[PDB]
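Fit chains A and G to the supplied structure of chain B, relying on the hints for placement.
Now for the letters of each chain:
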Amino acid sequence: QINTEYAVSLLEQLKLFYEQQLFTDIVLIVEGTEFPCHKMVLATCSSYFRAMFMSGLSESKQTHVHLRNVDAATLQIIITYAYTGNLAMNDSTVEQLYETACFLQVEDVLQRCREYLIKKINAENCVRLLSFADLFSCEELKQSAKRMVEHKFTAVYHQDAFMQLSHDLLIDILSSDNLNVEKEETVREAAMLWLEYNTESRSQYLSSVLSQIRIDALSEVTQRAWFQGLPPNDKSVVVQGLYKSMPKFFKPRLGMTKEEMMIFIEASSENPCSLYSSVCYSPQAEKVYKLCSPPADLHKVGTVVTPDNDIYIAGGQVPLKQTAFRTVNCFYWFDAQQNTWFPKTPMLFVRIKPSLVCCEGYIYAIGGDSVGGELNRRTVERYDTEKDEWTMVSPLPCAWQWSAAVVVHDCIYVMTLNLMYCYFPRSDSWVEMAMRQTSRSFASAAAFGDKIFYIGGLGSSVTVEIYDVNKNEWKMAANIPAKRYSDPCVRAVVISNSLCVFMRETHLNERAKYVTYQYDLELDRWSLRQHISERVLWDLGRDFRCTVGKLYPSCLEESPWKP
Amino acid sequence: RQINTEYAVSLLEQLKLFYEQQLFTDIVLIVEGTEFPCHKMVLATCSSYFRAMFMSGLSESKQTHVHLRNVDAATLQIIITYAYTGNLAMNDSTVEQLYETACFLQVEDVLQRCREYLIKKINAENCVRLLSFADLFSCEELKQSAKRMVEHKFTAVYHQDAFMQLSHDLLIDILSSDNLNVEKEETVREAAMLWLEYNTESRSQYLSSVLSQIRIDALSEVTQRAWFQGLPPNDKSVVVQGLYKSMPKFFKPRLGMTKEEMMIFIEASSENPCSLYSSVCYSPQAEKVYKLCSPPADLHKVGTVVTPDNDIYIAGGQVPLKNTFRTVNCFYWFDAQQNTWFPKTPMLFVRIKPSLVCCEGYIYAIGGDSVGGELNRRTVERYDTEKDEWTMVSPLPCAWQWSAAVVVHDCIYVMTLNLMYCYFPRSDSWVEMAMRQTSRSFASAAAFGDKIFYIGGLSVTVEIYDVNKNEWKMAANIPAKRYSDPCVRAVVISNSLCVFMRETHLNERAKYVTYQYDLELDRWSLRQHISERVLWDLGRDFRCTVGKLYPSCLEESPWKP
Amino acid sequence: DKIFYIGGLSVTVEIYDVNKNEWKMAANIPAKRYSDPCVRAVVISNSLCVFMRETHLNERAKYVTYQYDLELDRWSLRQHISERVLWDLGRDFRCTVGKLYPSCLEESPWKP
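Chains as they are written, first to last, in the authors' numbering: chain B, 8 to 328, 341 to 477, 494 to 598; chain A, 7 to 330, 344 to 477, 496 to 598; chain G, 469 to 477, 496 to 598.
Among these hints, one or two may not hold up.
Derived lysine to any residue pairs resembling SDA-like cross-links, with alpha carbons at most 25 Å apart [unchecked claim]:
1) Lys22(A) with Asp115(B)
2) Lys22(A) with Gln112(B)
3) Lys518(G) with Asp388(A)
Rather than coming from a laboratory, the hints here were simulated on the basis of the structure.
Chain B with its partners taken away, still in its complex shape:
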């Protein structure tokens, strides 16, 4: 191999020459700023300077080149990267950095800024990044922007930059089958408002934008509104659209295929190769669709589903390369369509079984057997979904183990064996709450409306303690009627605007039975909503978690397994 010591010595000597200006022969003249540099470094880094000097043109012998349509700071950072290899990339100058990298065809920095932008893609810059990837040919960025823009924009459709988009880009966006919309009318009104941004600059594109939307809205309202905005005496558009909507037979999209499903993690892996897998139950389809394995079989993790219906994974441990397990603070995000886990910004401290709770767009991970264990062994930390970073919050006053947390009334409610503390995001403080009369642990709670339903606790039992936020008191309702001499595995969840329970029971010398019940809020009784047949759902285990979310049956595949 090439001697790295001599390579770094040569590089540092060249950078010293650059700083001291000894062997510089070519100077870059940009907006009156002198940039003394060499030809060898520029040729090695950029693919434009190699064609600027070794070409035989008038600049081959000229020692002063007036490089135009560039920026001084961008050129300076590119030169210093070419001379030392350090590329300091902030969150603002990456746009002009990519512009100048495409202006010098510097694939070295082009790849670096492409990776930075593939990491930086978020909701508030999705349309801007897609427009940037349309301006400069970049297929990876274009595809990532396609996916993220489709999802987040069809969720939001309010960005100001969406109005200033090319016709081809909008045709690609609207005609795609990856849009995430609960209805087919929101895309219609989004297209209408985009068209009405201008009057005559969009008339020619009117015949094309309607060609990608289904005819179910091409004969109903929002056709006379276009006639109102039609240019005067234009008889080539009204009669055109009058007899035009014959083709494009109505085909349902993919965004209207989200159903309230119970996502399960760390289930009993059918194949012994994996230790744990992930499955999902369909309360409506009455089937069990398989889910992608956790990233690097990440066990002992926590789940959260934001009000925007997004799944996240935090904490967990990976078997170190017989008992062998090491805890990692890696963070991941689940793609609802690609059926894969996209990595995100990792946490600061590793966790085991963390309680992920979403509130005000922030992901809160409370506790989880942190590595530190100092006097603040109860330190909790939130995540920024806008800036893609983690921020510490007010620590929990008391150290708790095997706890659960929910969000009610824009506040974090973490529950332990007998104590409860409410966190105020506005003031970053903890307030003492009501005290339970029973010592129970290893249970889960579901936030339904303005009440907290702590179900089960210790196997578990059928004890239920209902807490009211407005009343600040713990009261008993009833006990779930289950078979005696059994060990039910209770799982509290909210589904169909009602509090249902996923309770798996096992009898003596008998296999586990799956059945869910609907708890009557006013009657204080668990009614049999549906019985899960064992012909579709097999054993899941004991350390499995359940959460409420929506998934697409089309993108996912049915798990092939014998009843």
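Same frame as chain B, now just chains A and G:
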């Protein structure tokens, strides 16, 4: 910060590509008509002369066609390619010219690399040549190393052709030094004479200087008559100046005369509990116990060998892994004056307790757990003391453990439980020899004269073998106290066969005593009993070998009687 | 018409002939020392060949088949099986010669 990953590698790759395509070049070197287009930046960062060549405001600074002379084309090309890729890839022949060109161009990194390569390759013959080379181009490390190697070997050769052509200052430094490895004072005198006979009437003043340097002890023997035979005519004051070198200038004894025949021991009972084993020495005549520094200071289970030129080598061994005994194939050599260990070319297989045998100037390592389970476990590997390399030879006939090997009549002999094979260095093959009637292992043999004396085994078995007769016979039993397990050690002492044995009983202390054995008497006469007041316990895995050492360089081992 | 008993505990090559009714040695297969050659002898395209794998300490297994000649008593290098297509087999694996259909069978997916 110097980021050595992606950017660094890509940049150096593209720089090599440009050197190859002749791109962005602005300076070309003319070397006896050969053109070497290159860049000023690389020459400035690599060579400390090209930076002044292009930065100093003179004529060659801007001159594109520079005619650099007194430099070889191949050496400049290899220097340029090293500057452009970082790899030197130096051979063993063009080292001198490469070093000369590096010194002329003042390229520090390649200068250091060549200095290390030269200091590692003072084997047997280029010692005086590279010493003169280092005298011409000042190099303190090379000068000192070559001086020590010369003081070690030229004192035994003193006939090298290159030694004749030496500057006066270097010769004065060599001769006046007290590191001459000569057991006699006339050899240096005749060496100086022959250095002053081939070049006479040209270095007459230097002749007088060397005459004074060799001093009275050798000045009063023959030098006057030889000079009278060889003096130029009409020389009178030269007689006056030569007659003056009889009384003065501090006649003192030399150092090479102290080549006392002693015994080198390894893996002794360490005094400080922090250390496990130690290497010590014993003086048969001075009746003193000297110590030696451990070669690795942590690795044990080594094998010893002594060449006819009284050299000590260490090969193989095992060292603890020090996790929070691994075998290493390293090699070492003992310095007779610096009391240190200079490593040499390592072996190819990690052996455990190798048996090294010297023959025809080559070191032969026979057996010793080459590394472990092997397709052909019965295998050997020899060493070249001149070329400094390991050459594979014909393997062993049979696989043996705890074997011993000696050299007799310039032939390799290896002894095992009951079999013996003679290896022919000329034909590189093994010939079957006589088989012992007794099956004994864990013993060693000594090559005294023309007879091999296999002593011990499990005892006191004395089986004498003769090469000319090819037969095994018994002589007698060594007188040892009963209810004991003697540890026999057979080795040559002062051209007389002797043994070094230690007896151990129950609830009794070990006793060390050496006996004098006679060939026709078959009896071990009491030669000397080693007193415990000077020598302490050694152990069980200790080894013994015969060699000459310097008392002044070594240090006495402190121990309470 | 000759039986080739290869290996045993090694690289023992003992050739037997029905007509000659005798056991003889030919040569030793060129195998790196400090290795355990899993020899496998089988007929290939009406030509005697072998399939052997060598294993050392802290080293990866290598698969390579050699072409052996009757009168030369030497295993000429016929083809070295690249590890990019074939992975490790094991110790108790068996080898036999037969004709198969590629379309009916399926390729084994494995990362090079």
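Original post:
Which of the stated hints cannot be reconciled with the structure, identified by number in ascending sequence?
Top reply: none
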